Each structure stands twice: as C-alpha cells, then as structure tokens.
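So you can see what is in the structure, the chains are spelled out below.
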Amino acid sequence: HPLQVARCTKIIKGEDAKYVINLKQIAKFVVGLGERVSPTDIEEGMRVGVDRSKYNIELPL
Amino acid sequence: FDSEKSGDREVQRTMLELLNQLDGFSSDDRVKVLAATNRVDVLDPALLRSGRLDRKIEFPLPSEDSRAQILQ
Amino acid sequence: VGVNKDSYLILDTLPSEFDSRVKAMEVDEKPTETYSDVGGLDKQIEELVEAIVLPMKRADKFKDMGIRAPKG
Amino acid sequence: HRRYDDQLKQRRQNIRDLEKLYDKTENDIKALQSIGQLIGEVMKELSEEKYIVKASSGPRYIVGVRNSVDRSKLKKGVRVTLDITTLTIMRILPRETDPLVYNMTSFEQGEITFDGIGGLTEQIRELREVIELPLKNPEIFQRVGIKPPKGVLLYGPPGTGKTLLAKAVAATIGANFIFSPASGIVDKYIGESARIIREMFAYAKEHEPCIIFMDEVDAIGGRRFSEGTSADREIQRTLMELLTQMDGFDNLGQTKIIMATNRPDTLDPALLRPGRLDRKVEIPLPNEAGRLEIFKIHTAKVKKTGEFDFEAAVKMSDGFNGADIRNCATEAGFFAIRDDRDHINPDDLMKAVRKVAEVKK
Amino acid sequence: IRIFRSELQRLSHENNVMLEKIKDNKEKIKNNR
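If you read the sequences in order, they're chains U, G, H, E and S.
UniProt numbering puts the first sequence at residues 95 to 108, 141 to 187.
Residue numbering for the second sequence follows UniProt numbering, beginning at 291 and increasing consecutively.
Residue numbering for the third sequence follows UniProt numbering, beginning at 146 and increasing consecutively.
Residue numbering for the fourth sequence follows UniProt numbering, beginning at 67 and increasing consecutively.
Residue numbering for the fifth sequence follows UniProt numbering, beginning at 41 and increasing consecutively.
Worth flagging that the hints you see were computed from the coordinates, not collected in a lab.
Even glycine gets a Cβ: it sits at the ideal position worked out from N, Cα and C.
Any given hint could be a false lead.
What the hints assert, rightly or not - Derived DSSO-like pairs (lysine-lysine); straight-line CA-CA distance at most 27 Å: (1) 362(E) / 206(H); (2) 175(H) / 346(G); (3) 104(U) / 68(S); (4) 66(S) / 150(H); (5) 150(H) / 70(S); (6) 346(G) / 208(H); (7) 150(H) / 150(U); (8) 66(S) / 90(E); (9) 233(E) / 346(E); (10) 150(H) / 107(U); (11) 421(E) / 362(E); (12) 150(U) / 168(H); (13) 206(H) / 367(E); (14) 154(U) / 107(U); (15) 202(H) / 346(G); (16) 63(S) / 90(E); (17) 63(S) / 150(U); (18) 202(H) / 370(E); (19) 90(E) / 233(E).
What the hints assert, rightly or not - Here are the in silico distance ranges between beta carbons for each label pair: (20) 81(E) / 162(H): 35 to 43 Å; (21) 139(E) / 174(H): 51 to 59 Å; (22) 81(E) / 73(S): 25 to 33 Å; (23) 203(H) / 324(G): 14 to 22 Å; (24) 86(E) / 211(H): 45 to 53 Å; (25) 142(U) / 334(G): 44 to 52 Å; (26) 359(E) / 324(G): 32 to 40 Å; (27) 203(H) / 181(E): 25 to 33 Å; (28) 95(U) / 324(G): 49 to 57 Å; (29) 153(H) / 334(G): 52 to 60 Å; (30) 168(H) / 361(G): 31 to 39 Å.
Bound-form chain U, shown alone:
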C-alpha cells in the first residue's frame, strides 16, 4: 500500500517490531532493545513509516 504519511501516538507494544514512531518533526520517537529487520510488514503496516529522518530499525520499510 502506498504510504505518503505515517504516525502513531501513545502505543505500547513489544522491543520486537514495536515501531511507535512519529514521522512529524514534533515529538520524535526512536526504537531500542536490539535490532530487527522486517522489510515486508514491520508490525501493522499502514501507519508504520519512515519518511525523512532515519530511526533505528525502521530502514527496511
């Protein structure tokens, strides 16, 4: 699915494919606890995205 925007707000998941990244320059988020690679679907697809800035393990999508 084409993604021109992605964001998430106040999501608690699990370390492994957690994402919870806000692509907007306001309230930037990262991902810790190791390294994971999921080029097809990281967690839910959809609002998972990258856009401008690189954050951790989000690169494969």
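Chains G, H, E and S: place on chain U using the hints.
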C-alpha cells in the same frame, strides 16, 4: 571575520567541544587529533599551543622523481 | 532521554541506539600503507615523524622532562 | 556450633543494606508523581501581580504569580517558571537566553598569576588603583572626587601580553574571569548584534564579582567617515551599544570592561571619548634583555640543567612571549631524548628556536 | 544451636517485609515508566 558560529551552532559547538577533548589527557600520547585541508585562511590563537594543532606543514605538488614512484 | 509525550516529564534514560552518528565516517583499524608509496614528501614526512610519530611512541621520556608533547 | 553466628551477622548486614536500597527506590517512585512546569522570560512588566512573559513552548503569554514571589529579585527580563495549567510563575530563575558558558568564557577568579605579567609593575600598580581599588573600596576615589574609569584598553603585539594580562586581573582581585571575544559579535549572518551585549550586561548584573575581557577589537572597529554604515551593519550596531552601556542609566559598578587589540586607531573615536575608555596601556615588545625574565617562567619550570644558560637561547629568540616559548621548551626536549637525559641540554633549546621559527616569527 | 535461631527468625521475616514492600514497588515502577 564573521561571527556566524553563533548563527549556525553546528560549527561553534564542534569547535567548543574540540577544545575540551584535546585537554582531557595532556600527559598521554594515546590522544592525537590532526587535520588536513587546502590552505589556512584563518589563525586561531586558542588552537595554537603545545598539545594542539600548531606547526604548519605545507604539501606542494610532487617533484620530478616523486612522480616516478607513483606511476610505477 | 525518555520523557513523557503529554506532560514532558523526565522518567528514565535510554541506552544508545540512534545517536545521529553521522554515517559514512571511515573507520579502519591499522590500515596498510608505507611512506615509500608516495615519494618527495620526505621533507614533510620528517616533520610528521618529529612532531607526531616520535612523541607518540613513548610519553614517559617527555614526562620526565616536565614538558608536554604536541597532540597534532 | 558457634561458627554459625557469623552467618547470622552476615544475614543482618544484607537486611540493613537492602533496606536502605528499598527506601531509596520508594523515594524515586514518589519523585515520578511530581509535576514539572514550563519555563519562560518576562517580556514586559504590566503590574506588580501581572507580568508579560514569553513561553518556550509557544508565543508570548501574560501570567500571574503563585508563591514565594520576590518583587525585588523579579522584574522585566527575569527568567520565570511558567505554569501550564493556571498560567502562573512558580519559581524565580536567573536570566539566560544564549548559553553564557559556551560562547562566553567564564571561570572562577583568575588563572595566570602575577609572575608572567612581571616587568609591567609600574603600569600594574596604576592598573590596580583604577580597577582593584574601586571594586573593593570605592571610598578611595570618593574622597578624591574623581569618577572611576569604565573601560581600560590593553593593546600590543598579537598574542603578546593579551592573554597574560587578561587572566592576571581576575586572579589578583578575585572577581570571575569573563572572556567575550569581539569575533563572536560581528557576522555576515542576519542578527547577532544587541542580544550579546545585553545578555553580557545581564550576566555581570547578576554576579557582581566579575570582570569582562575582550579580544581582537580591531576587527569590529573603524571610524568609516561620518560614522554611518556601508556594509557595516554589524559593526556600527556594536560600537554604539558599547557606549550606551557605560553611559546609560545602568552601568557596571562591580564589573570593568576590558578590550584587547593591536592599536587604539582601530577603535571607534566615539568609544575613545571620556566616559567610555579612560585608560590606554601599551604592551611593549620584550627585547633580548626583556625576554630574559620570560625564559625563567615556562622554560625554568620544567626539568633543566643546573648549568643551563638563559643568555645563549635568547640571542636566537625574536619576539617570543610566555605562550610562544611553550613550543621552544617543547622542541628543546625533543633533541635530548636521543641522549637519554632527564634534563634539557642548553644547546638543544638553541636548535629548538629554528623549529619554532618555521611558524612563529 | 537454639541461640542463633531466635535472631534468625526475626531477620527471616524482616526480609519478607522488605520483599513484599519492594514487590509492590517493582510492579509500580514498571507501570510508572
């Protein structure tokens, strides 16, 4: 002659943190920081001292016999 | 530094993962090169041995004299 | 059977150690229930109980007072802690906008002692009377009837006497050392003119025992012709602001302005008039006889021979100050490492001058 | 061997008091983070 270090703080803080890291170990030979560029248009008295970048080493174009080894 | 999204309150620090490390930085452990590959610089190479290489070998000889070896 | 009493004592040691660790954990959990607030700066004073501020999280706001509000230490410009809920001032903080410990050098008292400034004692005693005396006992000039000088210009060769005299004034008096180089004001970038001098005046206003020092004034100076501006946009705004601080409604009585340059001709004549710069001290160039006391500071501090001759190396030295001879003493020990000696050969320092002459004059 | 057993029973329950005290704190600090 420009104060633009205050305009773009990426250049200023890099130089400010550079002065603190060079002074961390003054007795140790395991801390060495060098640099290379095209020329020196600006002299900084703070960077000129024992334990920092001081001596100017110019690198002119290779000589006649020097090019024989590179072509070899 | 872990903080709240709403109240913006500091909770707990986080380990280093994405530091904005400025990638494409060349890291090479003990490369392979000799001063004989590029000739004609022996005038500058001697200056690189005197002010860098030789004080880098042993720092205890210069410490007994009370002076400080140049770091670059 | 009595040897088991040691296990009973070691068991109690674990109870007392963990109990102190669990008590610190509970206090850290209770600290998470605390509620922080925003931070801002007062733009304008509307009234006693109402202030016009500027929030860091948004545009300018107008807030009230909460508790422990001291109207004497809180006024227009004083940084405040803004309440996100009721829009009130929770606490009182000193005024800071641009970092004062990074772009400006601040250190406790001084660094360089009076040994490196030796030889200027004739001018040093006159410098202490116009600086050290009014900052400590202002009654000295009150009985005489003369006003204390604000600015004092220390000028000379570049790097010679500029650094030594700067840190020596703060060391003997006891006031903090403020180094504000002139290269950090005038720029080709838009802005960066008034905000530096105003906040520098605010820092010296909060902490009285401080003295401001500058460097490289020749770059921000010049008289042009009519004192107008052509490509002077950052030059003229700086020269006029320095005059309005001392002659304005609020000057620095506990802080003296110091400028460092080459020649006074590079300074705005508007700043040269009485009321701004009342003192000009010239830094001479030490000769072979003058530099004799220079090699007795840095070179004589390190390990040297008892037969070392200061007159042999001074003949090859040309215009070397206390900071310039640091490379001479560094290269002097470089020729002595081959002979395995813990001291400095007097003949090695003479050869070290030729190595320093490649950079220094 | 009946001497140290008197003070050992005290330190045994005092450890459970500190254990149950931090047990609710361990679950609380994880919920506060």
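Against the structure, the hints come out as follows:
About 23 Å separates the Cα atoms of residue 362(E) and residue 206(H), which keeps this hinted pair within 27 Å; it holds. Distance hint between residue 175(H) and residue 346(G) is fulfilled; the C-alpha atoms sit about 26 Å from each other, no more than 27 Å. Distance restraint check for residue 104(U) and residue 68(S): the Cα-Cα separation of roughly 19 Å lies within the 27 Å cut-off, and the hinted pair is therefore satisfied. A threshold of 27 Å between alpha carbons decides the hint, and for residue 66(S) with residue 150(H) the separation of about 23 Å falls inside it, so the pair holds.
Pair hint residue 150(H) plus residue 70(S) holds up; C-alpha atoms about 17 Å apart against a cutoff of 27 Å. For a cut-off of 27 Å, the pair hint linking residue 346(G) to residue 208(H) stands: about 25 Å separates their Cα positions. As the CA atoms of residue 150(H) and residue 150(U) are separated by approximately 13 Å, the hinted pair is consistent with the 27 Å bound. For the hint linking residue 66(S) to residue 90(E), the alpha-carbon distance of about 13 Å falls within 27 Å, and the restraint holds.
Of the pairs offered as hints, the one joining residue 233(E) and residue 346(E) holds, with about 18 Å between alpha carbons and a cut-off of 27 Å not exceeded. For the hint linking residue 150(H) to residue 107(U), the alpha-carbon distance of about 16 Å falls within 27 Å, and the restraint holds. Distance check on the hinted pair: residue 421(E) and residue 362(E) sit about 20 Å apart at the alpha-carbon level, within 27 Å; holds. Restraint check for residue 150(U) and residue 168(H): the C-alpha separation of about 22 Å stays at or below 27 Å, so the hint holds.
Of the supplied pair hints, the one linking residue 206(H) and residue 367(E) holds, its CA atoms being roughly 17 Å apart against a limit of 27 Å. Between the alpha carbons of residue 154(U) and residue 107(U) the distance comes to roughly 17 Å, so the proposed pair stays at or under 27 Å and holds. Restraint check: the Cα-Cα separation between residue 202(H) and residue 346(G) comes to about 22 Å, which is no more than 27 Å; the hinted pair holds. Between the alpha carbons of residue 63(S) and residue 90(E) the distance comes to roughly 14 Å, so the proposed pair stays at or under 27 Å and holds.
With a CA separation close to 39 Å, the supplied pair residue 63(S) and residue 150(U) exceeds the 27 Å bound. Of the supplied pair hints, the one linking residue 202(H) and residue 370(E) holds, its CA atoms being roughly 23 Å apart against a limit of 27 Å. Pair hint residue 90(E) plus residue 233(E) does not hold up; C-alpha atoms about 44 Å apart against a cutoff of 27 Å. Checked against the hint of 35 to 43 Å, the C-beta distance between residue 81(E) and residue 162(H) comes to roughly 39 Å, which is consistent with it.
Evaluation of the 51 to 59 Å hint for residue 139(E) and residue 174(H) yields a pass: the beta carbon distance comes to about 57 Å. Evaluation of the 25 to 33 Å hint for residue 81(E) and residue 73(S) yields a pass: the beta carbon distance comes to about 27 Å. Checked against the hint of 14 to 22 Å, the pair residue 203(H) and residue 324(G) passes, with Cβ atoms roughly 19 Å apart. In this structure, residue 86(E) and residue 211(H) meet the distance hint of 45 to 53 Å, their C-beta atoms being roughly 47 Å apart.
Distance hint check for residue 142(U) and residue 334(G): the Cβ-Cβ separation is about 49 Å, which falls inside the suggested range of 44 to 52 Å. Distance hint for residue 359(E) and residue 324(G): a CB-CB separation of about 35 Å, consistent with the stated range 32 to 40 Å. Hint check: residue 203(H) to residue 181(E), Cβ distance near 32 Å, so the stated range 25 to 33 Å holds. Between residue 95(U) and residue 324(G) the C-beta distance comes to about 51 Å, which sits within the given range of 49 to 57 Å.
At about 39 Å, the beta-carbon gap between residue 153(H) and residue 334(G) misses the expected band of 52 to 60 Å. For the hinted restraint 31 to 39 Å between residue 168(H) and residue 361(G), the CB-CB distance of approximately 35 Å keeps it satisfied.
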